[PDB]
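There are 2 protein chains.
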Amino acid sequence: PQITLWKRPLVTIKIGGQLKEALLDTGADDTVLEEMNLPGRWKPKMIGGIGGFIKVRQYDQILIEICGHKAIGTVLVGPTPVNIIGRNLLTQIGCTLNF
Amino acid sequence: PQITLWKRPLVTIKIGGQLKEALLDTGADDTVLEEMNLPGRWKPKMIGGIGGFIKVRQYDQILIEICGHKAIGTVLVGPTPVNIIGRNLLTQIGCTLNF
Ligand SMILES: CC(C)CN(C[C@@H](O)[C@H](Cc1ccccc1)NC(=O)O[C@H]1CO[C@H]2OCC[C@H]21)S(=O)(=O)c1ccc([C@H](C)O)cc1
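Chains as they are written, first to last, in the deposited numbering: chain B, 1 to 99; chain A, 1 to 99.
Quick caveat, the hints were computed from the structure, so don't treat them as lab data.
Be careful, since some hints might not be right.
Note: identical chains are not told apart, hence a pair may lie in one copy or across any two.
Said to hold, decoys possible - Using 25 Å as the maximum straight-line C-alpha spacing, the simulated SDA-like pairs for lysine to any residue come out as follows:
1. 70 / 93
2. 14 / 52
3. 70 / 94
4. 43 / 30
5. 14 / 72
6. 14 / 91
7. 20 / 99
8. 7 / 55
9. 7 / 82
10. 43 / 6
11. 20 / 67
12. 14 / 96
13. 7 / 93
Using the sequences provided together with the hints, build the complete structure.
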């Protein structure tokens with residue numbers, strides 16, 4: 001589809017069997033999701049933005065579906081105020097900026 | 001143009017007569033630039049990011065050129081880790097996401 005930027009580019013995603021709202025964020029190298037209890041191994045990581053850093057848990061090879069488009073890659077889980085779909089997954093679904 | 005997301009969507013911007021590199025950030029409501037001097041009046045404002053809230057100087061009706069497209073809108077100046085072009089200006093240049 002085509003998503004304008006009048007409002008936040010929020011879309012429905014499906015990760016680990018659950019549906020959520022997430023931000024298609026060209027400003028994020030990687031995907032960051034709100035706190036959730038995923039299974040599997042993980043490694044700790046610190047990620048930074050406006051306001052400082054937060055501690056996240058990095059999971060690898062996580063499948064999420066974005067508006068019917070399947071994508072699998074690295075997902076960071078921690079106390080983010082919003083679910084963020086980063087370029088690592090935006091590319092897999094064929095997402096581009098256009099102006 | 002059409003911009004793929006396998007690399008950071010960095011572009012050259014012109015502001016206050018100076019050129020700078022900025023990130024096209026669809027996950028940002030507002031445009032936030034690193035410390036710099038801009039002409040005109042400004043009011044103090046707060047903005048939140050992934051890591052918390054920071055103090056910024058709000059400049060209204062600033063002229064910015066992004067890849068040749070002119071925009072006139074609000075520019076926030078403060079301790080952001082990266083110069084980010086937010087949706088307030090991305091809409092002015094007719095930017096959209098597509099997939
Ligand atoms: C700063 C840019 C360079 C990076 N960021 C993406 C940016 O899109 C954020 C996303 C966001 C964060 C909190 C609440 C809403 C949106 N937007 C933003 O800060 O916007 C500001 C300005 O306008 C206002 O609107 C919203 C909040 C305010 S990050 O989140 O910090 C991030 C860092 C590292 C990774 C991995 C490790 O690669 C992924 C994501």
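Results for each hint:
{"no.": "1", "hint": "70 / 93", "verdict": "within (7 Å within a copy, 30 Å between copies)"}
{"no.": "2", "hint": "14 / 52", "verdict": "neither (29 Å within a copy, 27 Å between copies)"}
{"no.": "3", "hint": "70 / 94", "verdict": "within (11 Å within a copy, 28 Å between copies)"}
{"no.": "4", "hint": "43 / 30", "verdict": "within (15 Å within a copy, 32 Å between copies)"}
{"no.": "5", "hint": "14 / 72", "verdict": "within (11 Å within a copy, 37 Å between copies)"}
{"no.": "6", "hint": "14 / 91", "verdict": "within (17 Å within a copy, 28 Å between copies)"}
{"no.": "7", "hint": "20 / 99", "verdict": "between (28 Å within a copy, 19 Å between copies)"}
{"no.": "8", "hint": "7 / 55", "verdict": "between (28 Å within a copy, 24 Å between copies)"}
{"no.": "9", "hint": "7 / 82", "verdict": "both (15 Å within a copy, 22 Å between copies)"}
{"no.": "10", "hint": "43 / 6", "verdict": "between (37 Å within a copy, 24 Å between copies)"}
{"no.": "11", "hint": "20 / 67", "verdict": "within (11 Å within a copy, 34 Å between copies)"}
{"no.": "12", "hint": "14 / 96", "verdict": "both (21 Å within a copy, 23 Å between copies)"}
{"no.": "13", "hint": "7 / 93", "verdict": "both (21 Å within a copy, 15 Å between copies)"}
Hint 2 alone, counting from the list given before, is not met by this structure.
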